[PDB]
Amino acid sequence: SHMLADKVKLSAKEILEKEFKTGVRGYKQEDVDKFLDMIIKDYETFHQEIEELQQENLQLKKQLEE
């Protein structure tokens, strides 16, 4: 019945800031950090997409008052 949490768990800031423990062997850091950059780009790209579809749907409703 209740309020909707911001359903997105992370932000672009939090991804960039995240620090991981190391082991005597694990994922090569440079490859993980690069992959995380692609992801950050996608997060930015998704918000812009949403922002635009919201504005475009608000535009369309203004036109419907007539």
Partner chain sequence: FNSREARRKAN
Given for the second form:
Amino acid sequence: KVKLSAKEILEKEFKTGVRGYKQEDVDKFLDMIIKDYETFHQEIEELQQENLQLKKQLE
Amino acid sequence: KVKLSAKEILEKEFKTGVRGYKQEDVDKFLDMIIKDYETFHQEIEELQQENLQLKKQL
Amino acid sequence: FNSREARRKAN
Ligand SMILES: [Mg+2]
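Having displayed the form solved without the partner chain, please output the structure of the form deposited with the partner chain bound.
Okay, now the whole complex, with that chain kicking things off.
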């Protein structure tokens, strides 16, 4: 299924090295990805709940 | 709603510093994230089609 | 911390 979560991306620590990516660039970009994971999960939960309610109304 | 995409993640350029996050580790992490974006979209698309079909039955 | 960037700044 899904490999990561918003929490795992928040708490991920990368090791450092010479000529590594600037931390500010990477962390601001991953913060947008974190908001997306939250958006994705909320939409899925909304749809799974609608799916369940539609099913119940059919039977 | 959603800000990024698989293609926006691939296209993203990061500045480098004298030191920074190890590029190999960041990229391999982004590769998993790209795979998750695909999985989210497929899951959402399946659910939308199913709810549409169910809504037609009512 | 609620964001990576806020943690990075504090550190
Ligand atoms: Mg600290």
